[PDB]
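2 protein chains.
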Amino acid sequence: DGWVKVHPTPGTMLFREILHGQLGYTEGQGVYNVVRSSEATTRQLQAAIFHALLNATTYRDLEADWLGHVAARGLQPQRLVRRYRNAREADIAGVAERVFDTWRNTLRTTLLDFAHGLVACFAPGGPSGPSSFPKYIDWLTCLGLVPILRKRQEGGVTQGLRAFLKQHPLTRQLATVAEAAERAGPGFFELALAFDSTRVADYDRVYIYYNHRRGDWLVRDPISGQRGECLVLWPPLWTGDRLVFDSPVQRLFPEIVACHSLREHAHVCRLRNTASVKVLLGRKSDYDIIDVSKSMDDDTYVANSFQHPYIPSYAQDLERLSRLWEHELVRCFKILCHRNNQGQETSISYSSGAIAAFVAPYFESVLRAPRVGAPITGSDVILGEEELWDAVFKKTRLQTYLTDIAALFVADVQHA
Amino acid sequence: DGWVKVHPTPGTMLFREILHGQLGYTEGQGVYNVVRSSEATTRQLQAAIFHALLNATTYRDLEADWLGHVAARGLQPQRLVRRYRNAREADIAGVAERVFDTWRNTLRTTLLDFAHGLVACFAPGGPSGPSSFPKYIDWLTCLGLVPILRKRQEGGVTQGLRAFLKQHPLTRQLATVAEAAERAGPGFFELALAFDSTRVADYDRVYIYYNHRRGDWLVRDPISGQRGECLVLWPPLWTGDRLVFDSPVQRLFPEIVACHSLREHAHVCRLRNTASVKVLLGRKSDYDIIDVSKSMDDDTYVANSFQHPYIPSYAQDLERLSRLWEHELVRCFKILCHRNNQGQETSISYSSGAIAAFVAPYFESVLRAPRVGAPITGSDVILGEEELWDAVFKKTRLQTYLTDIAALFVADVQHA
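Going down the list, the protein sequences come from chains A and B. FYI, the numbering for the first sequence is 1 to 416, going by this note's numbering. FYI, the numbering for the second sequence is 1001 to 1416, going by this note's numbering.
Be aware that a few hints might be false.
[As the list claims (entries may be wrong)] Reference listing, derived: stretches of chain B covered by chain A, where coverage requires no fewer than 3 residues with Cβ under 8 Å from a Cβ of chain A:
no.	region
1	1269-1279
2	1307-1314
3	1333-1345
4	1351-1359
5	1394-1404
[Claimed, not checked] A few chain A residues that face chain B, going by a derived Cβ cut-off under 8 Å, partial list only:
no.	residue
6	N33
7	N105
8	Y203
9	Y287
10	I290
I should point out that these hints are in silico values taken from the structure, not numbers from a laboratory. Built from N, CA and C at the ideal position, the CB exists for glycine as well.
Build out the structure end to end from the sequences listed, making use of the hints.
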């Protein structure tokens, strides 16, 4: 009653089998490997965790901890000045500055270690299993749809968070860490639940139905009978006894099939030329291959015979198709390429627009995660863990608090 | 009963034999040699060991040992100042600074020697035996699966640690090293047990079964009957009576098969042309090769005969396939190429993304190591042993402690 079949149709299977090179392969198609990588989402997770943890810091407890360290060394301004007993302000100021710098560096190292401890919990979940990103990307590449399944339940990631958090020594050892961690904890739990609940259907189990008369989707997993939900990102076009998607594979499809057919014909012609001598027989009027045509003739004579061993040439088409694949993917997925003075393709990366367009819908719709803050710039995908942590640290609240406390402490020591 | 046989089928054996050049070889495939090397894993392990050992250092015992050395020389500030009795503050400060610098250099060399001694215990097991990395990598390259077998037992690496550590003189000689080593000891024992426990199955002995309806794996070693556990990194696709993997060899498979068949045909055509002169006989009405067609003639006359000595050419196909192999391997494993002003391939290395993508899952799932800290940057693969130790030493706790001690000692000795 107005329903049609979309996904389990043979053409849909042929699209993915094209994605594995089941007819032809080219240098251009190899670029797709970069598009599927999970690097951007892991960078985004790291950035979000760093923001959440570092933003929770506070001034009062940090000042209390610094003053407590000074008390532990017993090096407050009065005692130090009374001990040194000289008017060389530069030396005393430098001593205080170096003490504070040592404390600053150790605090930074502690916070970095804890933040890395948090990150490890989520990283394995993202690329494989529930919410696997590469499956999402190849779903988009093949069809533009992305079936999804949802159930609320505690699972691996929540257990990992619970195991890691509840007994971490840093929480006991520092009040700053204790407060920041207890504040950011609930958000981490909700993000873990978000990673836990959702799954992206498998390309070889799910069923998808479409009813043109309304324009709504029914998606089901036959094995468990579990109804799902469909996310459409590039909507299709219905033209009667048809459904035409607008995915990159659909645009490229009519070309690669023609190229493959040309290659197969050229292969068939080559086998024909194996025999070097060919002989043609005829009927009387009343490494070698024989063409016996005498059985067709009757009251008929042979008048002419032509030979022309044609062999189609197809390298030009393969070159054209390789460059077509490369340009299509690069422009469709907003990839950015880096190059040397003349040397090409030093590296391949995700542009800022690419991450905004693809990673953002992933987190927001597919996972329904609570918050990710401001997205990272396209340049930060190239950085490492240390560089990203340093970048997040440098331009946020904790640095300003530390600098203010340092300036105040130096002024107080030299004024006391 | 819903089960399937996956690996021991002839297809996977054909893939593995493709790796050993059993049908053709090319310049591009030689790039694969870099992908198997164990440099990244060894560098990561060295960095992890250095972090574990060096991080345990504490300031209080540094102060204790420094004062112990000062007392051993008898060079206390008061005594030295009383010895010189002159107001050239710069000279005395320089003397004290040089003494402290000598102590720092000796301590650094001692710690480096101990750290190198500790690292050696693990290195031989990494490339061969349990947890062998190259077998992991070529498992991934062929299929995307990595069958793994486990059984907890103490073995070679734990015995090596126990033999190396328990009689080292540095423990007696220095309290700092003694406490740092004993504190880091349990982590090293855990890591060594992890090294000893796991094995990666051999490509020519294991069995792998797949059940599409469930979506779960069963792997078993037939010799010992020992059941295993299967890790999947790039999941395959089931098309009803066929399993299609998504490993690089699967994508490249049809192309190289076609090229090999072309080469075989070109070889066959070459032999045919060896005879320069050819003769063609016929039946009358009423270094040399002879074509006897007399038998088939019957009330028949010969009409025409054509010769066309064709010889297929395959050089362009080999060039294309070489470049295809090179690009596929470079882009799939995220390898990085260094180049001169115009010259190419000064050296080939592992990119940071490649390390994160391949080395990290190895340690996490395959080896289940406790902790490795933040992963090393791609540049640190190029560094040597000395350079890596120096780099990790520079930006960590011990350097800050030493610098603060130096500043305090200089100020106190000049002010005394």
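Any of the earlier hints contradicted here, and which numbers?
none
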